[PDB]
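Only one protein chain is missing from this complex, and each of the others stays in its spot.
Chain naming follows the written order as A, B, C, D, E, F and G, and within any one chain the residues start at number 1.
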Amino acid sequence: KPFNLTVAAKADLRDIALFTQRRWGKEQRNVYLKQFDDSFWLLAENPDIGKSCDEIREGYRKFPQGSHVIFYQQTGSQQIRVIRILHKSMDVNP
Amino acid sequence: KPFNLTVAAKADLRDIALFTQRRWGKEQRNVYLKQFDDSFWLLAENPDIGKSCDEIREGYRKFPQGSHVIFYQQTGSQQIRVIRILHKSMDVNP
Amino acid sequence: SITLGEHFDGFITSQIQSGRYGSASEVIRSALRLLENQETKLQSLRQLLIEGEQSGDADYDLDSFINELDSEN
Amino acid sequence: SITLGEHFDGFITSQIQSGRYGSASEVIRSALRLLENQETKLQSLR
Amino acid sequence: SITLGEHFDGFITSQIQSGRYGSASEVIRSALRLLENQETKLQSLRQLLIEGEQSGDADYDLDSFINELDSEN
Amino acid sequence: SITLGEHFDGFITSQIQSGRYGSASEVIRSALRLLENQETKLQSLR
Amino acid sequence: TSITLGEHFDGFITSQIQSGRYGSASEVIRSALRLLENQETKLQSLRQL
Partner (left out) sequence: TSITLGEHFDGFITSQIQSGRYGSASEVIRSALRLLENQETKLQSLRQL
């Protein structure tokens, strides 16, 4: 409710889950998905925790999570929208 | 108490913490260290969750955690010893 | 021509002396290749964000997602 | 020294026409800075 | 000599035809380089585990570790 | 075809002397399998 | 000093010098050898005894 993902973000999460399941296992995949669900709730309950990245796109914020990086836009005081969950294909560009 | 790290494992954790702090921030580093503390407690409360890797060394088990991989040996029914927290420099070798 | 400074001029000379780069044009071209690759990477990340944001909001719940993934295999 | 290819001669002007860089000197020095940072990542692995 | 099978013999031929590898000795040497690099990587991981396990147990607590890291900077 | 270097001729024997591989055929085919897996990782990125 | 590269590799080098991102035919091989040296030098785990 305080956070919602896009179809692309859900597809990315499914890709990562299937990858970690085919490599490690099913319980591993469950632990990994519980971790990002916790990260989702954390970004919702605290949207100023992700470093701002207006340079890349105006309004977006990014948060590191293992080998991937969640991109999300703040849509409320404690509401955020997760748009993409990519890998390390990202750039700082300060 | 149910888990304990070595000097090398603590040095690795300190390296990762300082890296994520210099790159992202202090609160990021705290969230990251809370995640691995949770992973430590999980590996202690459930030591059969890490895929066995006797091929590499007899008795060790490995668990994925973002861009690093915890290596730990089971020293009890619900007690484990974390020896190393390396990056992706690892090999399956099935 | 252009003016970079004592830092980069010194750098370019040390890179040429190392035998890894023949000409100063060569090392400047390698740097420009790096910058162009990073620009293409930036634009690719931007188009990924665009195609992600102009897609629909998806109905997400952790346990429902796990149940779906279990029903797949 | 300044005998670059037409591709790079066009790219420097295209990226200074953005408004984030001053002129060709700044784009060339930032590219050289990326190159030096990549070389320094190698120097930690001497 | 040696005997690998129709899978690898076919492979080697397709790798030679691609123009990326001149000789079959060359592609087999590239494969052997890969295997040797992985063996050295395995031994390096093993020595890392050895040097980690024969070191001392360290007194670890999450909040104490965070306090130490904060006291550093 | 079998004209390998002395380094590789020694390495194949050193790794079959471990007891994990049968003979030079198996080490060469496992190395070729690593190479084919690396090539297949490139084929997903055609 | 001369090498006998493959026809595919010669076509690749001609495409790299026609792409505008490389100046001479030797520049391409210098960049490739830079990559190869970065790879081989990184393999200094070999000295672990």
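The rule we apply is simple: contacts are C-beta pairs under 8 Å (C-beta built on N, C-alpha and C of every residue); 3 or more make two chains touch, one makes a residue touch a chain.
In the complete assembly, which of C:3, C:47 or C:64 touches the absent chain?
Per the contact definition at the top, the residue touching the missing chain is C:47.
Of the residues in chain G, which ones touch the absent chain?
So the residues of chain G touching the missing chain come out as 1-6, 9-10, 12-13, 16, 25-26, 28-33, 35-37, 39-40.
What residues on chain C make contact with the chain left out of this view?
Counting over the whole complex, chain C touches the hidden chain at residues 18-20, 22, 37, 40-41, 43-44, 47.
Give me the chain E residues in contact with the hidden chain, please.
Output for chain E: 20-23, 25-26, 29-30, 33, 36.
Keep in mind that, in the parts below, only the chains that are shown with their structure count from here on.
When the C-alpha atoms of chain B and chain D are each averaged to a single point, how far apart are the two points in Å?
The computed centroid separation for chain B versus chain D comes out at 40 Å.
Compute the distance, rounded to whole Å, between the mean C-alpha positions of chain A and chain E.
Each chain's C-alpha centroid was found; their separation is 30 Å.
Taking each residue of chain C in turn, which ones touch at least two of the other chains?
Residues 25, 29-30, 36, 38 of chain C touch two or more partner chains.
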